[PDB]
Amino acid sequence: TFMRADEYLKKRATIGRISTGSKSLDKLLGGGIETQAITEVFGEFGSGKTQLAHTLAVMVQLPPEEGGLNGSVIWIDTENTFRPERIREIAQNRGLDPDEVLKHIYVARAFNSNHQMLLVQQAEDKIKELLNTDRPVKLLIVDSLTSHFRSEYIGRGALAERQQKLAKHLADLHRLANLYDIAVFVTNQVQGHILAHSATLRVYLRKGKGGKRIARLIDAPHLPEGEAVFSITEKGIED
Amino acid sequence: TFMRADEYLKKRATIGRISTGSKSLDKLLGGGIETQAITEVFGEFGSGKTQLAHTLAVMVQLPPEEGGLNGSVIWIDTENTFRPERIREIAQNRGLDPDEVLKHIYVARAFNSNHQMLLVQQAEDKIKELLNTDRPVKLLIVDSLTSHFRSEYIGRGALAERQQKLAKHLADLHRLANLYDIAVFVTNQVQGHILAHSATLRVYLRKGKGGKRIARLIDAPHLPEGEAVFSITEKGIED
Amino acid sequence: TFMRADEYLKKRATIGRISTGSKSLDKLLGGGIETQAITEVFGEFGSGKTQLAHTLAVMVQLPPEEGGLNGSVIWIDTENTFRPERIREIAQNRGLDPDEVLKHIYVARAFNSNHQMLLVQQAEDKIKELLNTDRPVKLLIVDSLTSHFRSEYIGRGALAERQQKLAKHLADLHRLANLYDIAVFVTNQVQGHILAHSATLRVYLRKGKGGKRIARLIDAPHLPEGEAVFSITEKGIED
Amino acid sequence: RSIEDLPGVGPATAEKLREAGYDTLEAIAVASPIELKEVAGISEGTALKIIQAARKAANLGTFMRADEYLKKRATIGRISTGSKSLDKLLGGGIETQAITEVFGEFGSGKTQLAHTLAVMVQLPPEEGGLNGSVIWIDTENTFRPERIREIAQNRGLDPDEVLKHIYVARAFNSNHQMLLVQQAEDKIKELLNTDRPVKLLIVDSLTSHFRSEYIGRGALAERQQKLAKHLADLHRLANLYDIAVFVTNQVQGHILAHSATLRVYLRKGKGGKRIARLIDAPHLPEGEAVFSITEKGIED
Amino acid sequence: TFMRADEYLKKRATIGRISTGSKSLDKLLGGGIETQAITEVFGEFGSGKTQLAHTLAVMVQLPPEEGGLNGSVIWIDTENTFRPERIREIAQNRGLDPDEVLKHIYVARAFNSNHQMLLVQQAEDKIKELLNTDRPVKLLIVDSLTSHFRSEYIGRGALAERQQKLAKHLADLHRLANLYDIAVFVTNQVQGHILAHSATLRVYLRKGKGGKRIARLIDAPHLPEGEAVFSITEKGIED
Amino acid sequence: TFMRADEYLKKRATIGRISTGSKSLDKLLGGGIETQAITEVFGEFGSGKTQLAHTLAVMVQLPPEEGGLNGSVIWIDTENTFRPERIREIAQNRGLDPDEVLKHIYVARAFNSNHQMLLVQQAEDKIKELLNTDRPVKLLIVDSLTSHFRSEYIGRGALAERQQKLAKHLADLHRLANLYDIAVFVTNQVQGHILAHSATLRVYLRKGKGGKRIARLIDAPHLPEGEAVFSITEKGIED
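These protein sequences, in sequence, are chains E, D, C, A, B and C'. A prime marks a further copy of an entry chain.
When the letters of the first sequence are read in order and numbered with PDB author numbering, they come out as residues 96 to 286, 302 to 349.
When the letters of the second sequence are read in order and numbered with PDB author numbering, they come out as residues 96 to 286, 302 to 349.
When the letters of the third sequence are read in order and numbered with PDB author numbering, they come out as residues 96 to 286, 302 to 349.
When the letters of the fourth sequence are read in order and numbered with PDB author numbering, they come out as residues 35 to 286, 302 to 349.
When the letters of the fifth sequence are read in order and numbered with PDB author numbering, they come out as residues 96 to 286, 302 to 349.
When the letters of the sixth sequence are read in order and numbered with PDB author numbering, they come out as residues 96 to 286, 302 to 349.
Bound-form chain E, shown alone:
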């Protein structure tokens, strides 16, 4: 049903923040990507958004002081790009036991749109289970979020239904995000260019100067403006 504004001030009071792993990008994200929100990162292939995903899957695991939220991770992989080996590197390269971090990340390969949507639907059960333990789910990744949709739905007279589903999908994520104080991170490859409008926050990133990346926000409401540069290394993302 509904909820009293005071108790809402309460809910939002508990909004946690995961660090991206680079001082710079955090300043821009005003601390990191937040829970109870869908953060969409989009850019060309190789703009490093899947690295950012991997880094986040580590950070969220460390203590609040360290910039995490002592939480687990649910990862829906649609492009077969999730590399547990990579988590190990970033993790053993950040004061975290490599093989333990992997015990707090749960993946699922999504083979098409219906699968994907059906997977986020199932994540709930997993979320619910770990909700009571010391390390609940705090990060839910969908990478890629748009991949399948922009391939199974071609030509108008399809585009309409795509949105009617992509919107049911995004709504499914928003729910989980708020219902369980989870931060939902989604990627979107960009060169028909569909997007995650509901995105509580959309961050655009591109390949920058010398093997570095650079990201910028999209709009003006809530959060600064300008650009942030960082790089891909062990530890994942670093200033």
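It should be emphasised that the hints constitute simulated quantities derived from the structure, not laboratory data.
Careful, some of the hints might be misleading.
Mimicking BS3-like on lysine-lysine, the simulated pairs with C-alpha atoms at most 25 Å apart in a straight line are [what the hints assert, rightly or not]:
hint, chain 1, residue 1, chain 2, residue 2
1, D, 122, B, 319
2, A, 317, E, 122
3, C', 118, C', 345
4, D, 322, C', 322
5, B, 319, D, 118
Given the structure of chain E, go ahead and fit chains D, C, A, B and C' onto it with the hints provided.
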């Protein structure tokens, strides 16, 4: 459902690799085509992707140290291009008893899209048999994968429906690939339009100089950036 | 289901070949039209593809050594162009009892697409009898194959189910061709530009210099690259 | 030969050539006899002699030895925008011998930036200027010498003096606009070899008239040609006299200065502040710059 | 006129070659970019074709065994991208006297199409002068060659006028190239579709792997068919 | 003006024939390419039409009894594809002094359409000399004939004067062909679909099975109906 990352590390560790029979190819591919993955090879007619298929139908049969995986083969033929005789000219041609190789390959002629798609619904029962044996299924070929789809879906506003089916087909293959550590090899003639949007790895090959086809990849993650030349001879693909 | 590559090598080994009646063309076909295959002949009206059909209905009846396969014939006529008179003529005029030939040919008039598809369904029943006799069915003709489809399905948004229908029909023929080592011959008048895509071999023929019709293949895989001239006379087709 | 000191050209001829856009040695250098014959009246044969004279005389039709070119660049001045932030983004400020295009939505403050620059350029090098004069081509009737007075008397500058080193011309349409460029060279050489030569040439707006007079897919072609030339006319002045050319372009038809040495995009930001960003990577940083509009024009 | 093949056989022998400063590229180019020819390099912004230009402006100055032809350079700059400073640097970091190098490169800024076309015709004057010198012009650069043309010609029926002019220009360069054994290097930013349909050789290059660039030839006649990788550093381009 | 049908019968009686170098093809051409005619060969890039051109430039030089006509050659090159090297090779490697051949071939590089048309204008001057010598011009090549036209004329409303231009050019060649009993050979790459309509004979050729290019005629009036296979080797073209 979901898998804990550590398990996933285990899973991905048991990934086998079939040799193409080529020095550059296998190296370019990083040891060749892997299991638990769909490898798509595409190019103009005569670019030799059906030869590559035949070669792979042999290699996979020989021991690991020789570039194989001691496994059987399930072959879905849609263009009536499977030549068991051609297997021999390679088997009993690069060392091996031809009468035995052709005892570990099982074909089915697919006469149209629906037929093709149903051959996977049943390509399982056969993999479920050789499963607990000395030579389980390790290679599943679909040649051609797109042929029928791009011919039965032309109608005003069919493109959409094509995908919703080509995508349910690919998903069916993905499942088998992972559920049974099988390497899935699919061909796609190119040059309206279509390609296995999903897949795990897409390799493009074209005809070259003195009858030598030269391939190349379409990405960079987990795979290098260069070209590979080879030739068609007895033994199938040489180098 | 599937078939062991070896046994498929056995099954394929028994591929018979019907002679077109004319030496030249039969060279281009490397012996002629094969069984376990769909051969499509297409050309303008009067390019003589219905004659070729009639000749074939005779040849197939004579012994292998002469360019036949001692078999019966199933004829699906859609344009009311089957003339036993013509058979009778060719029969005797070749060196065979015309009264005998007219005993191993079974026709059905197809009045529209559904009828047509429905008959190829029932031809299985006739392929069953002859199968145990001395003269099993070895030739199945569909003339015209496309006539009705390109008249009942006018305009995209129909063009769609035309292929669903066409592709299903062709699949029904492919099955029979392989399931019973039958050679399937189909005609297609050309000049909405339809065509049997799953055809095992497509031969194009046009009217030539004077009373002589020329032929040419459509591809490269299997059989030579050149044109073949022949004529229409008693005996049907001859160099 | 510098100007129309060309063989067959007398003042009457020069008159017809100018009123037609053939105002430079390169303009004539690239023309055809037929065109000049029909523009000036001269015969096809003398016009030809004229063309050759120009091809051979052309200033911007000669190559410069890279050692020479390296030095020319060594003498490039820089005007401050009046904002540490923005200047960082420009690597010091807008440069001379270049066309800097600033574009954005109406009200994104690009006309303010123009006014500020018209002051800055007047103060000493250490102050952020080049002790120079200003030529201002106004097409939208947006030049307020009053804003100049202000911004000046707010940086401890004698407004009555600053107002003495800015020269404006109202351009009523494309042809007028383009025409005033050549007449700008007149004043530029006039104030040239003076305590305060011309160091800043503003064209605000640069595109306004072009996107209003050329509507159509048949008008698009020559729209570009004329802009192309106009821009070329500015480039010439920019290099020929170490002048910094600043042009504005309202955006969001569509047009722009494709040959602009540097394009800066700016939009309305936060609250009363504007944010400018560069459109490329070669030469200069790659981030955003925030600033505001106040007395002194642009600040921060 | 119609030079006699004998003489033609000769002239074609008197062709010099500039080294790109990268043994890898040079192999693909077979020595390097040749004189009496227009070599067009095209790729996305930042694919380093302007660097390649700068390097060539150095190489051509050093001795034949060094990989040059002891010649001067004419540079038509249309995008204000010629940095003598960027050149000066290349020579020193390559053992050459930076202040000497810059005495054999002559530039001209082209402000629009007409200007550009002008400059080339006027480049002849210079080429002539330097013709009888210990260091004649051997390299003529046009960067960018297409920039202005694709901006000034976008209206109605403009596309045709763009090719007539583009072609008169290219022909003006071809003449100089042959009339004076000069190598003509032109750049073309890609991604209308404007190109040098007349360039003797077209090389495509893109940004690759880790801060590098991969070169390929768009063709198949003369020279290899493999890609070439290199990098941008002091010395400009490296093998 | 005109010519008495008899004298035209005399003029036509002296129609010479150049051999393509390969027996087979020469059969399809009923002796080869004739004089007083424009023979157009067209096909995809690499279909070997430029080789055929080179071979012809040799054959025409040898005596009639061997498949030539003791004549010189005028070559208009538009794609910079004329290789005296290749001539030299074929020359000697056939049984003739390569140094002599390279004395009866005269080339001109055409840099654009106007240039091209302009040269065919001037070739009359060269056809004049050789006319009185022992080796008059008997072969005039235009390779490529269409290259420049399909690049300078882009879009209908240009397509118009393209033909005005093309048709006028072709007319200029037709005149020379008849006015001087010269055989005019032209190439046309195919795959805006232009083509020499007034061509006396159009031969289409494509790449074949392996290292062998196949040919076929385009019509029926004069010469047979069939395909011809041949290969590229030293001697140029051969069966």
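Comparing the hints with the structure gives:
1. D:122 x B:319: OK: residue 122 of chain D and residue 319 of chain B at ~17 Å, within 25 Å.
2. A:317 x E:122: 22 Å, holds
3. C':118 x C':345: It holds: about 13 Å lies between the C-alpha atoms, which stays within 25 Å.
4. D:322 x C':322: Judged against 25 Å, a Cα distance of about 14 Å means the pair holds.
5. B:319 x D:118: Holds, at about 22 Å.
The structure meets every hint from the earlier list without exception.
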